[PDB]
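So the chains spell out like this:
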Amino acid sequence: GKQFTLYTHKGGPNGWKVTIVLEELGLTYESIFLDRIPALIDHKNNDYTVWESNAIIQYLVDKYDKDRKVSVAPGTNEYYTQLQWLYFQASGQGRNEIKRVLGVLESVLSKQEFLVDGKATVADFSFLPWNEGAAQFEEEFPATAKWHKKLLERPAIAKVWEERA
Amino acid sequence: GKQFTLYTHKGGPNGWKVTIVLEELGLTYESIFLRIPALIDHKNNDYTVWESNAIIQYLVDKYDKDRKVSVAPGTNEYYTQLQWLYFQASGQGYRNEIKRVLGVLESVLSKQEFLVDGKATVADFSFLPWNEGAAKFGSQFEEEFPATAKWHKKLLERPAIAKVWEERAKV
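As given, the protein sequences belong to chains B and A, one line each in that order.
Using PDB author numbering, the letters of the first sequence map in sequence onto residues 4 to 38, 57 to 115, 140 to 180, 188 to 217.
Using PDB author numbering, the letters of the second sequence map in sequence onto residues 4 to 37, 57 to 115, 139 to 182, 186 to 219.
Just chain B, with the same shape it has in the complex:
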């Protein structure tokens, strides 16, 4: 049946992150709600199991985004720039903190289209659920607001966003 099993909590922003990626990659999965988590089991890789959402996401793109539709290649400088943003997102998902995170984002996005290169990647996507909590916005962080809005309009993400309610 389904290639992956995703263990998550019901409204879990992290589970949502991972789901956005699964959908972007056209991968089949089953979601199981509990109540670390989230966790991913890959039935085509000996039921290899990984947790930490951004690690899960790295695994999905490196192994299953060979077309680089939403990710850069392993072993390139760009990969470590992608990784740096994925760490920034994870550190920032855990006020002035929100504004500081947004400030960094704006400082980059006002100058280039996406967090790495001029391609939407999982670096950008990783902020969506958190950012759809962090909300006047378009006034103080216009580049970020616009980028966020445009990410939401990608068909896979719009579908996930529907399921999200």
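If you are wondering where the hints come from, they were derived from the structure by calculation, not from laboratory data.
Here a beta-carbon is modelled for each residue, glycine too, at the ideal position from N, C-alpha and C.
Hints should not be assumed to be uniformly reliable.
To be verified - To give an idea of the interface, some chain A residues facing chain B are shown, with a C-beta separation under 10 Å as derived from the structure:
1. 5
2. 8
3. 75
4. 77
5. 83
6. 88
7. 211
Unchecked claim - Here are the simulated BS3-like pairs of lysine-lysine, each with C-alpha atoms no more than 27 Å apart in a straight line:
8. 84/B x 198/A
9. 218/A x 198/A
10. 87/B x 87/A
11. 87/B x 84/A
12. 218/A x 84/B
13. 84/B x 201/A
14. 156/A x 13/A
15. 164/B x 84/A
16. 90/B x 84/A
Chain A: place on chain B using the hints.
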């Protein structure tokens, strides 16, 4: 001159974290006191990266080809190692939060020698500076978390890490 420039704050745990890896890999570097930390690789057209665990990933993937202290990119173990690096960055951004983190560590290290089955990696190294502060909470560390305390202690005894710890001491 020095292959890397590391920007960091004077007593910074994240800096020490990165320095551990630079030394384990025998790479030349200069430290400048002031995200931060940030690393500049003069042998890679001054490619520049920040976030200590992204920096560290960069350092092992490119410069630990012998796999002395890391696993190969592409393998499942790589993603497990990555898992622990994210857990290190997150879990340690009352202080039962500390005991929660140590709890997770203990549940693993009581059943296996290191975080990634078999050998010490940067996954293990990543916790060292944070763990040093946490063990300044009396002896609840070695009492509640003996596997973790053993593991931590033995990591500190690695020559390179001992050297970095002398530097960290005098700094």
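Hint check results:
1. 5: 20 Å, violated
2. 8: 16 Å, violated
3. 75: At about 6 Å, which falls below the 10 Å cut-off, the nearest Cβ of chain B leaves the hint on residue 75/A intact, so it holds.
4. 77: Holds, because the Cβ-Cβ distance from residue 77/A to chain B comes to roughly 8 Å (cut-off 10 Å).
5. 83: 7 Å, holds
6. 88: Hint on residue 88/A: violated, closest Cβ of chain B at ~17 Å, above 10 Å.
7. 211: 26 Å, violated
8. 84/B x 198/A: Roughly 36 Å between the alpha carbons, so the hint for residue 84/B and residue 198/A is violated.
9. 218/A x 198/A: 25 Å, holds
10. 87/B x 87/A: 23 Å, holds
11. 87/B x 84/A: 21 Å, holds
12. 218/A x 84/B: Cα-Cα ~45 Å, so violated.
13. 84/B x 201/A: 36 Å, violated
14. 156/A x 13/A: Answer violated: residue 156/A to residue 13/A is near 37 Å, above 27 Å.
15. 164/B x 84/A: 24 Å, holds
16. 90/B x 84/A: Holds, at roughly 25 Å.
Checked against the numbered hints given earlier, the structure breaks hints 1, 2, 6, 7, 8, 12, 13 and 14 and satisfies all the rest.
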